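Undergrad: These are the residues of each chain, in order.
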Amino acid sequence: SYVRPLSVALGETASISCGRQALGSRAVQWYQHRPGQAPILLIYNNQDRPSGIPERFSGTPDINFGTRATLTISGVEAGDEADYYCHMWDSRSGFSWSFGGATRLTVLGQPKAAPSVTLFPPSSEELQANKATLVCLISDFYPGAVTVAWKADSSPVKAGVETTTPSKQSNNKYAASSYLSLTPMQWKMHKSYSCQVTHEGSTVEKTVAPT
Amino acid sequence: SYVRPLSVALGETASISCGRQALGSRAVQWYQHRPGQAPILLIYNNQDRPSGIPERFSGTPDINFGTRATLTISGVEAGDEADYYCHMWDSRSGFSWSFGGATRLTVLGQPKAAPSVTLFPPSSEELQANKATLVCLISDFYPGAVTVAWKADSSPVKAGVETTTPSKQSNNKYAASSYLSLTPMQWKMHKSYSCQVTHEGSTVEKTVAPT
Amino acid sequence: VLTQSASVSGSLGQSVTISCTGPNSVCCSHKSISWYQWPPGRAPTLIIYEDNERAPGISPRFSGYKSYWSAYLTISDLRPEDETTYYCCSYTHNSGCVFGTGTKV
Amino acid sequence: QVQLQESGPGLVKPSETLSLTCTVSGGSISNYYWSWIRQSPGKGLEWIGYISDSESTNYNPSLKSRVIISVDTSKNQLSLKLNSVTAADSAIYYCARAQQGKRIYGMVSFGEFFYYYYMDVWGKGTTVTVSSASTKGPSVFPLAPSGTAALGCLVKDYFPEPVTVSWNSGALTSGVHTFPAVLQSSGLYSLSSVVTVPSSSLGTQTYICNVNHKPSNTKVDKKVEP
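Line order of the protein sequences matches chains L, L', E and H. A prime marks a further copy of an entry chain. The first sequence maps to residues 6 to 67, 67A to 67C, 68 to 95, 95A to 95C, 96 to 210 in PDB author numbering. The second sequence maps to residues 6 to 67, 67A to 67C, 68 to 95, 95A to 95C, 96 to 210 in PDB author numbering. The third sequence maps to residues 3 to 9, 11 to 27, 27A to 27C, 28 to 95, 95A, 96 to 104 in PDB author numbering. The fourth sequence maps to residues 1 to 82, 82A to 82C, 83 to 100, 100A to 100R, 101 to 125, 132 to 211 in PDB author numbering.
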């Protein structure tokens, strides 16, 4: 289903209104889902929250009809970046099969982090297999948006490169990989190979050569 | 005529005192001029301002003699960077022919912006004309102070390069160009050509090769 | 149509700067410029051709320079025999020599 | 309601009568005051002169000896003539409507007042260069491109400033970026214009670069394609 974004500054309080409004008495569930991971039920009744969930996550009860279901995250941190779902039940409508839309909370104001580039030459066992691959490992950067560039000696190289889109690490930073593939003769017939990693306005370089 | 500078932090109120003080009852005009553009009359009487000018631009009236003419810009923004002139008239002195000196307001505290380098190889039609020119286009950076560097493959190149001093874009950022000129044989006889653009403490590189 | 300087002079040791220009008909970025030393009613002499290449034997003080709109001929370190009338010319490889007006020095 | 537009030669030889005109659109001409203002590089603004609604003139003593200001009420055109021009005369000449204000401090009967003039609506400026050099049209070469990409238009070797650049005869306006010129040692400016367009638009939204250089009446065009 579709996704609607939301940007909350770091430390602020987040107001995530529900996708569909209730026609009668309601019972709404709030799940926190970061893709590739198990969802986390934040609030199950209209305001009841399970154990292992901080008090900063709060929901609006159903006192008088008319009040909209809004999940409220006070004191937003970088870990709060996830998809939030509004499982809406009411007396009027039918069975709530669809989980609804998705709010993609992206917390602004996080500190700028520089990469930690690490380049590996082709292994001896790989060269023995008549295949040669360079890997360029990038980690611990923010915001998750980088650019890789491979250079045979000085001239650029673009045929045979593969790059991962950034992925969030456990410490709320990002990481990605860059694989250059070449024949073992191209590894020997050139002087050096470089991996230039440009993040934000700066570019870092790490190089390697067959020695 | 001479120019006297003034630095006001972003968001503050600016106090621009007039160049020449009035010997009698005065009638002062305030113009905003950014070079290469039409001046903008901010205040025509001692305090009367025309339409299309915000209330944050204010001038001191002539109530009692002794008060100095000071243009006051409250809530300074990046767009307020310009030359401000004090067209001074009074009962004592003669006809105000000279517009006076110039106050160069430079608003501090603006966000740091990274370049958007874009390099173009020589066109086919240019190479057909036995002339070959590389252009390196830099845009959307702040502060307006960059450094270009051209490298034939790895070695540097300095003979035949021309660079523009930064110029303010409409979005309050800067932009400049760098033209490397070479014979079409020098374009073919080398492997690659690079344009390294160093802004603030970081350097970005964009390269191109005849393929 | 190729106008030279009206006239000029200098002194022994100094230099001269003759000029030569015209419209897009005979000048200049797509033409070559030649400079002839020409005493009135006598055997002329080729000084400079191809907008700065001296003839075999011309003194290294004679020099040529061509802008995108006008051609020049400098005559450094003057000497007595420099009192002649000079003429420029604009030509291509397969055409004629359209001469210049004249310059008494 | 009232706008002004300048128009000039762009290049005038040394020691020659420079001539400019300025058109008023919206209001009349013989009912207001008008001012000529030029701005040289480095030097600040300079008040040249002004003309009344009754077509009376008054020149700055700076250039009083050689400036003549005129007006044609048939339409809304007023001209300016400056002879014996030198290199220091090249500038952007502006055109604005002067408003007469009467500052009264004492008694009007004793003449204890004075008149001040202020420009409330200006033109845009006409670039004027004084140089012995001859004009030359540019040479426009395409710059082919390769989330999005960008293509260009290399306008090289012209004289003098300026050169207007539009894309698709004025249609393409978003993402356009025209860059200031470069005075090569040869004495000619070189410009470059670039637009950022979506990648998929390459096939085949025609991108026509338009270039005009009035000092040589040499308008040109060129397309760009990989």
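In short, the hints are calculated from the structure, not lab data. Incorrect hints may appear among the rest.
Unchecked claim - Restraint-style ranges between C-beta atoms, simulated for each label pair:
(1) 176(L) <-> 154(L'): 28 to 36 Å
(2) 63(H) <-> 67A(L'): 32 to 40 Å
(3) 159(L') <-> 59(E): 28 to 36 Å
(4) 142(L) <-> 80(L'): 39 to 47 Å
(5) 56(E) <-> 63(H): 25 to 33 Å
(6) 165(H) <-> 67A(L'): 39 to 47 Å
(7) 205(H) <-> 162(L): 51 to 59 Å
(8) 67A(L') <-> 60(L): 53 to 61 Å
Backbone N, C-alpha and C define an ideal beta-carbon position, used for all residues, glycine too.
Undergrad: What hints, given by number in increasing order, does this structure fail?
TA: 4, 5, 7
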